[PDB]
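Below is one structure, written out as C-alpha cells; the observations come after it.
A single protein chain has been omitted from the complex, and every remaining protein chain is retained in its original position.
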Amino acid sequence: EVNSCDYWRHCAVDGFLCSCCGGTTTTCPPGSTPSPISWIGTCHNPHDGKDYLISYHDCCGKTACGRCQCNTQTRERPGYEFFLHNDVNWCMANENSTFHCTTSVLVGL
Amino acid sequence: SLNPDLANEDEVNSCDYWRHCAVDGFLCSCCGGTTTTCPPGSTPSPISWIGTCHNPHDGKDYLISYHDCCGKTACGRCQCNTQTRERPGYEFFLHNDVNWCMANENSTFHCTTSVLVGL
Amino acid sequence: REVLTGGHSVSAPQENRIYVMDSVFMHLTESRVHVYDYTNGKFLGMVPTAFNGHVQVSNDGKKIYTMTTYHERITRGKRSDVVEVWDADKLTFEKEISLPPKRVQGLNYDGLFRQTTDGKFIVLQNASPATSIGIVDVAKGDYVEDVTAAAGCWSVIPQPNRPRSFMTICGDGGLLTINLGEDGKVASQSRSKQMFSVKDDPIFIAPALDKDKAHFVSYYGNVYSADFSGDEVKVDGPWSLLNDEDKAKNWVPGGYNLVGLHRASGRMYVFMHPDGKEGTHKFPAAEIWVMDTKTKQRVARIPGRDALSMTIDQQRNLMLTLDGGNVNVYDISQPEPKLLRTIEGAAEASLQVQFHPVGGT
Partner (left out) sequence: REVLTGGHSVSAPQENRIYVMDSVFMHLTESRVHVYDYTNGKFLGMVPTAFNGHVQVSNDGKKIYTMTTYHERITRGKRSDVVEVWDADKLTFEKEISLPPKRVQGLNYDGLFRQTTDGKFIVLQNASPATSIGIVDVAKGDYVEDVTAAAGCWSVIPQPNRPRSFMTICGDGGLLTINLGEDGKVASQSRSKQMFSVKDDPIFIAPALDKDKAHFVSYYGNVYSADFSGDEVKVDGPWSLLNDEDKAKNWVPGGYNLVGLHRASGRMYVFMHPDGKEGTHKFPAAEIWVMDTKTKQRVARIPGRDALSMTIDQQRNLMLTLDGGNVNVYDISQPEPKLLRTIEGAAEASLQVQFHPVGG
C-alpha cells in the first residue's frame, strides 16, 4: 500500500516514491543522500480522521529512480509560499542536486 | 533510387530503405538533417562502419558508409537496427554495435547517416 | 561520391520555428530543447540542456538562451550553474555565463527564466532555498548581482512598457516592482497594495500579460489585475471567470503555463476543468475558455485536449497548447479558436512551448 500514489501520507508528492527505489518511506535508497530541506504537506489520515504534517525530503546524488512516479497536490501552493510548493527540486541545496526519489516523513499532527 | 533528396521522405525515413541495410541507430534524416548532412550543431564522424547494400530499383550493389553525427545527445527518432552483412568486432569496420563517434572531439552519439560511396 | 557535411543551418525559416522544452523527467540529466516547424510538424533540430534545462529566445531572434546545472562527474563533484548562449540558426554553443550555484531547479514556468523588454538583461529566479532574482548582463556575458529585495517572492513578470523593469509575486499577496539601472543593479523599486489573499484565494503565477497590465487567475477561478501604466502598480480584483452554471459544476482553472493573452483583442485564454476541489489546480484541461477581459464575460469554450501549458503569438494570432508530449496549433484570429494541427511526440515530458520571436518591437 505504501508503494501506491493513493497512500494517504503521499498527498503532496511530486516525484518517485523512495519505497519503490530500494529505500523506505523514511530511508533513502543505498548511496542517495537526504535533503536537509523539504516541502511540507498536510495530509488526512483516513484511519483516525486527523490531519498530519508530512515532510517530503528528497533523496539526492543519484539519477532518477524512475519507479512509482506520483504527482499529488493536496494543499500544495505556488513558489510564493515556498515550503508548501512541490514544482521545485528539494535537492537544490545538496552537495549534489541530482534528484533520485522522494520520501514522506511523518512529522506529527 | 540513388538520390534520397529527390525521393519520398517517408521512404528514406524508413528502416527498410535500401541503403540503410546495416544501420544501428537513429536516422539523421529524421533528426533535422538529411541522408548526407548532419543536423545543425552535430559533427560528422571521420570514421564509420561500412555496409554493402543491394539497390532493388537498379539491381546493383553499393558500398555504404555509415558515418555518425556527434556531439549532441540522442536524437531519439527513427531508430533502426538492420544487420545485413554486419560482422563482429574482430572484423571491426563491418561492425555496428560500437559507437562510430568514438574518435570525435565529443563522442556523444546523435544520429547515423548512410552515405553512398560507390558500386 | 556523396560526402557527409556538418555546419548547416536550420532548414525552415525562423518564423516557422517553435521550441519545446523537454525536461525528460525520467532521465532529467539529459533534458533538451526540441525545435519544430509548427506549419508542418517537422523536427528541425535540438539543443542539449543537461540537468533540468530552462530556455528562452533572445528578443531580437538571433540567439537561444539556456539555463542549466552541470557537475564535474554529474552525480558528484563541483557544481556549475550556467546560462548558455546558442546561435539560433546553427544550433551551436557560443558562450557560457557563470551563475552562483543556486539557479532555480524546477519545472519550466515561463517566469523562472526571462529577459527585460530591451533584451539587455536576463532575469532569472534563484533559490538556495532563500529566494532572490538573478541578473545577467548580456552584452558583458556577466552575472551582475542578486536582487535580494525579492526574498520571499517568486517568478519574473517583465513590464513590456519599460525597457528594464519587472515584477514578482510576493508572499504578502502583493507585487514587488524592480527597476534596473543601465548596469543591471536595482535603481529603484516599489511594492503594491495586497492584490490577492494568499490564504483564501491563491493565484497561479502565470501572467496573462498585456503591454501595461497583467491578469492572473486563482485556484477558485477568480481574476486579479495589476496595472503598471504608472510608476506605482495599481491592483484590482477579483472578478469571477464563472457564471452560475459554471459554479454549480465546480469549474476551476488548472495547469502550469495555463493562461495567455491576445493583446489586440484583450481575449484571455485559460485552461479549465470541472469538479474542482483541493488538489486539482494542476489537472489537465477539460476545456479552454476564452474571456473578454473588457466585458469580463466568456466568449468561447472548446475541448482542452488534456493540455497543461500554452503560449500565444501576437504577430500571427496563434495559440499553442501542450499536454506533456503533443503540441496543438490553434488559429485565434477570431473569438473561437480553430485547431490547425497536432504535433505528436514533440517531447517526452514538456510543460513549456515557445515561438521563435517575430517582430515585437
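To keep things simple, chains are lettered A, B and C as they appear, and every chain counts its residues starting from 1.
The criterion applied here is as follows: a contact is a pair of C-beta atoms (placed from the backbone, for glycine too) under 8 Å apart; a residue touches a chain by one contact, two chains touch by 3 or more.
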Among A:59, A:88 or A:91, which one is in touch with the chain left out? A:59
Can you name the residues of chain C that touch the chain not displayed here? 24, 26-27, 29-30, 48, 50, 70, 72-76, 93, 96
Chain B positions in touch with the non-displayed chain are 21, 47, 71-74, 76, 79, 81-93, 97-99, 101-103, 106-109
Residues on chain A facing the left-out chain by the touch rule are 20-23, 25-34, 55, 57, 59, 62-65, 67, 103, 105-108
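Here, only the chains that are shown with their structure count from here on.
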Between the pairs B-C and A-C, the one where more C-beta pairs touch: A-C
Separation of the C-alpha centres, chain A versus chain B, in whole Å, is 44
Between chain B and chain C, what is the separation of their C-alpha centroids in Å? 38
